[PDB]
Each structure stands twice: as structure tokens, then as C-alpha cells.
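Taking the form deposited in one PDB entry, here's one chain by itself in C-alpha cells.
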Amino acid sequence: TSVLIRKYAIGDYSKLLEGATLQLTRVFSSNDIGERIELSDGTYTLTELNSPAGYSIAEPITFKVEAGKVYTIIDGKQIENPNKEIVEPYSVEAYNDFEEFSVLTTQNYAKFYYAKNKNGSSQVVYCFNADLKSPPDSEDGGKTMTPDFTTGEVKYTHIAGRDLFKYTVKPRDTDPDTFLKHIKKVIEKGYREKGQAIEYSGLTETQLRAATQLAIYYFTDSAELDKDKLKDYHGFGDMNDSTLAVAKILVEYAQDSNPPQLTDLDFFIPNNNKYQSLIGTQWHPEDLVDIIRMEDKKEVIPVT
């Protein structure tokens, strides 16, 4: 089974962290794409022999390879590897479709966000960080690559939508597994596909899309589903009463005790920390490989 060892800096996933001296029980230096290793079945340990400058030594990672599957093992618990990522990081395009015009109530929603799948199709995505920059504007609705993607200024890593709590700025939740369940349930009952059947009476596709986006913000950024609070909140002032009631339905479903009906979703992380990460609406496992992810805490010593 193929694995890629990747070193990251906690709180800034815009690039891999190079210069970490790492040891697999092989010694190597963490690089910018990852260290590829084909391994047969057994139990392995990754140890940071030396951190880069300004970073602390991370705890060792124990993982098991067994029959084409990888499992991370932390304190009496064995879980399927949460980190499944594309081999070429920061190489996928996402865009905001400026060609698409459709009102939320009276104004253009103007938040029609998409990611490009490997085969050139597109999937609806939602912003995961209300305060950060939306994916590059595309005047022609994704038909051509934006200059931000082509120049390499804004590109995304496609990962499996697991271990997502770390990407949030003001999470409502305190438990990452509960958080993941909430997110998967909003997506499940929300707007997933152009042309889908909208079952809520009177609602348009754009209105369900908006309600879905706000329901995501409810969990990622602790947005309040209150008309008076939404007045000046990222355009949601234009959301009508019926549409906010559906946002509330999405949230209340997500919060209920039932397990998510879907399994895994695509997620996308930018190579620019000013840009939002994005939660997807589809699942493309074909390009994802097992990552052994290790993350380093930056030190912050007061300059005296």
C-alpha cells in the first residue's frame, strides 16, 4: 500500500512544512509534496528527530497497514486513516461563477462556488470560512482557468472530508467527530446538484443553496439564524423569512441524533491563508492516497 508522509504546520495548511527531520520505523527531510513509500502490512512509527526552526517536536505517529487499508493508532483506539489527499498538492481549481446570475430574494446571490473535479466536471462547494476570500471569480463560469489558478496564486488540495474541525475559525461545536457529523448532514439535506428537486414549498435552487451555505456557517463560524443579526452578515440580509426557516431546518436536522446518511465528501484547502477552505457535495476517492499526516506547533517566543 502506497503512503505519503506529509508534514504540516498547525493552523496554516497553505503549504507543507519543509526541513523537519523525520524517521520511519528510514530518515528523511520533510519536503513540499510528501515522501512516497510503498509499504507491506505491519505496524509503523513516524518520529520527528528534529523540528524546523521555530517549531516544536510533534508527538510520534503510530499507524498500521493491513490489506490495502491504513489505520492511525492513538491511545487504545484504532481508526481508519482520516487523511486521504491528492498526490500533487495545491493543484485543483475552484471558482466563483460570475456568469451565473440568480437572486436570493432581490439581489444576485453572487456566491455560486464550485470546484473542478479531476475529469473536468464541476461540483457545488460551500465556503467553510465566512471571513476569508471566496474562490477566484470566473467571468465565464469556469469554462476557462482563472489567472489566479494559472499563475499559481490560488490553487487547492483535494482531501477527504474527514478531520475538518481544524479548518474552522469560530466553531460552534467542541467535538470534532460531532462537528463532522453536523457538516455531512447539512450537505445531505441541502443543495447538492444543479437541477435537483427542491422540495421546500416556494424555494428556488438559489434559495436552497444560500440556506445550505448559511447552515454551514452556523457550525463553522457560529453564525446566528436571526434576521436582525443577518442584516449585515455577508449578504444574508437579502434572505427572506421562508429561506431562513429552511436554513433552520437544515441546522436542526444536522443537530439531531441520527447519523449522517452519506459517507464521505470532497473538501479543498487553498495554498493561500487569506482564502476559504471549501466543503464539497460529491465524493471522488479515485485520486486520493493515504497520507501519514504529522503537524508541528509553531513556538512564538516573545522577542525580547
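Shifts are known only where both forms have a C-alpha. In this text, rigid core is short for the largest set of C-alphas that superpose within 1.5 Å between two forms. Positions refer to the first chain, counted from 1. Compared with the form deposited in another entry:
- Only one of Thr150, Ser122, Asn108, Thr204 has its Cα shifted by 2 Å or more between the two forms after fitting on the core, and that residue is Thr150.
- Residues present in both forms were compared between the two forms after fitting on the core; the only consecutive run of three or more with every C-alpha moved by 2 angstroms or more is 143-153.
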Given for the second form:
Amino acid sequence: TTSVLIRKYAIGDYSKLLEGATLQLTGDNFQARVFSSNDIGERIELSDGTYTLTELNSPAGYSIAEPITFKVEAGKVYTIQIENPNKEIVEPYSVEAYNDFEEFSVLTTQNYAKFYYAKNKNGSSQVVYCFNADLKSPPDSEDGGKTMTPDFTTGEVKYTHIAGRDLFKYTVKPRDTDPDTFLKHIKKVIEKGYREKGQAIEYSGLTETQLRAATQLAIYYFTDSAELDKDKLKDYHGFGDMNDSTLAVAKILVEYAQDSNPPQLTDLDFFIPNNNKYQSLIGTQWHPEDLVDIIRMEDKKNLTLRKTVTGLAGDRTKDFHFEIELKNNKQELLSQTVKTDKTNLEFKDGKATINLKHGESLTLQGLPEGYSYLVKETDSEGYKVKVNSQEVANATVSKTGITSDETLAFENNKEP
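Structure of the form deposited in another entry, given the form deposited in one PDB entry:
Partners and other molecules omitted; one chain follows.
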């Protein structure tokens, strides 16, 4: 068996698991079961196979998220076919991270003062960097990370340790638009930047702390679209105090990140705070030994067809038949169950047929952003077909990139 924890998160705020979603786990061949999402995730030991996580209902406010299919094979877990990117600690929001308030080292005239660390399982401290420029730094510590300043409202501010994959979504004002491109940029910055106390500094004349600042500002280039310009930085989070040298190294880190070479680092710890006011933190180290597979589901905050028969010679009890062809954002055909105001509809190779009599209607729900339809009424022979009052010789119409709901009102006229 393989341990998994199903965790339900809320898209865009990861400071707590979203409780109160009714989730059902169904598998191909054990017993299917229903449970409600909790604060730590539902722990299940699974034999090899393919399983489906469905949201039977979501908690007040949210939308039903897409069924997540996954596979447990040979002790490993996969999403659908790639490797489960969600590896997190068993007890969430249990990791201390801190800002070392007493450590002192200048950029030019002033303490850098952004000495962020996270505590590894073994009590050592890894250098980490803020991933959200406008959010709060980790809790001040006056004693090197033994005790921390709690938040006035939420108590201690502790973190969930996770594999730093899928980082795009934690950014506020990223520069990139493709997540993988974004991840590759972050890994590369960390790679060539400051990772370990005592490390050789390859850039002549720069102190450890100066490299650390260049590294942090390079992250902000990508996470918050910081500009790497002396004069535009005069008042940006203390970075006016960064000398020319250091800023030149920040541009080197960013230019490196930007080039086509692949990242030499396979993975990086990442840390999410249990208070959304606090910044998330990208690590410089990797501790896979502390992590288990999570099946993650994320909650967020329609096409209608109808038939009317007209004319005195129009039959009002004839099952008119439609052949609907649907493709997604990237022109792939949908091969999924699609719920409706009547019954479900299995789309095979993007297609399903439906029958409508005069004055009936069917409403396809949960169709994705930027979809496209091609709809034909196959058995029109004899009728003058009009769709939304437009004359269609071939009883077939199309539309691409539907950003809203849409209604196709077929009218069939058999006038004597």
C-alpha cells in the first residue's frame, strides 16, 4: 500500500486547508467512500490502481472543482500521466521560519535586514527568500530562531513545507506567463545565488550578504516584476542601499535565469505561511525525506441547446438530433462526463449526440474557458433551419473561444 493524504485547498489562499468540501474517492477495483475535507488532509493507504476524487459539493462560496484522476503504481503516485508534484509534510503549518532580527550586515550604508531562514527537521536553519515582496516577512526572532514573535491575531506563524514545483500560483505580479518557464527561472536564480552560510562567493568584492540581496532581488524580478534599475529602485524595499556591484550581480542572476540552459537543481523546499498576510518562502535546500504524497484539490470562487418547431406542418413530437463537437483552450477534444439539467453526457472524442423535441432544452454545465463548439442538427431534411434566428443551409454552426455562457436556439420551419 501507499500512503496518500487528500488535501483540499482554496485557489489563491493557501494558509489553511479548505474544510467542509464533500469529497468522494472512487476507484476501478477496496470500497469507494465519502468523507469531508479536514484541516490536515485525509490519510488513506491505497493498493495499486487508478482512483478518482470527485467533489459532490463544495462549501458555501466556492465552485465544484474538476474531478482529479490519479494512479498509485509501485509505491509511487501519478497525476492525470506525470509524477505527483504535490509532496507535503504530514502535519501542516508545523515548520518554524523566521527573520533573524539581530544578524547584521550591510548592503552599502544600512543593515540588509532581510535575513530569512526556515528550520529544517533537524534544527539546522536553511537560508530562504521571500517570494512575495509586498507581504510580511517571517516572524522576527531576537535569539537566532529559538523563539519567534507571534502574529497578534493568529498566534505563532508556522509553515507547511512542500516541494517547490507549481510555484507560479503563489506569485502576485509575475513577469512570466508560463508556469514551467517561471519555475525554471526561480531554480536558476537560487542556483547561482546565495545558498549556504560560508559559501565561496564567485563575484569579486561582494560579501555573503550582498550576494544574498542580489539573489532576493532577482527572485522579485520574476515574482513581483521588480525592475533592475538603480533609479527605479531608489525606494523599493530597502534596495536603494544596494551598490552598483551588487545590482550588477542581480542582473547576472536574472540574465542567467533567462537563458536557455536548464536548471542544475532538481528541486527546492518551499514554505507556505499559515497567515495570508505573510510572504511565502522559496528555499535554498532540498529535504524530500520529510514529505509524503498529497492529492491536492483546489477550489475557486454553460451551453444551452433548444428546439422550436414552427409552421402548420411542423411535427412537435419529433426527436430532433444534434451532434455536438467540443474542444478546449488548446484545441483538444473533451473526453469527460459533462453534467446537465437532465442526465450526464459522456463525450467521446469530443462528441455526444442529444435529442430534443419542440420546446425542450438541454444545458451543458461546467464547460471550460476558451472552449469551442461545432453543432449540427443531423436530421433537418424537410425543415428550414434557423439558429438564433439566422438561416443555416447546413443546419450547422460554430463558435470558438466562448468566454461566457452561450445559447443555440434552433428553429425548424416546415410550412406547407
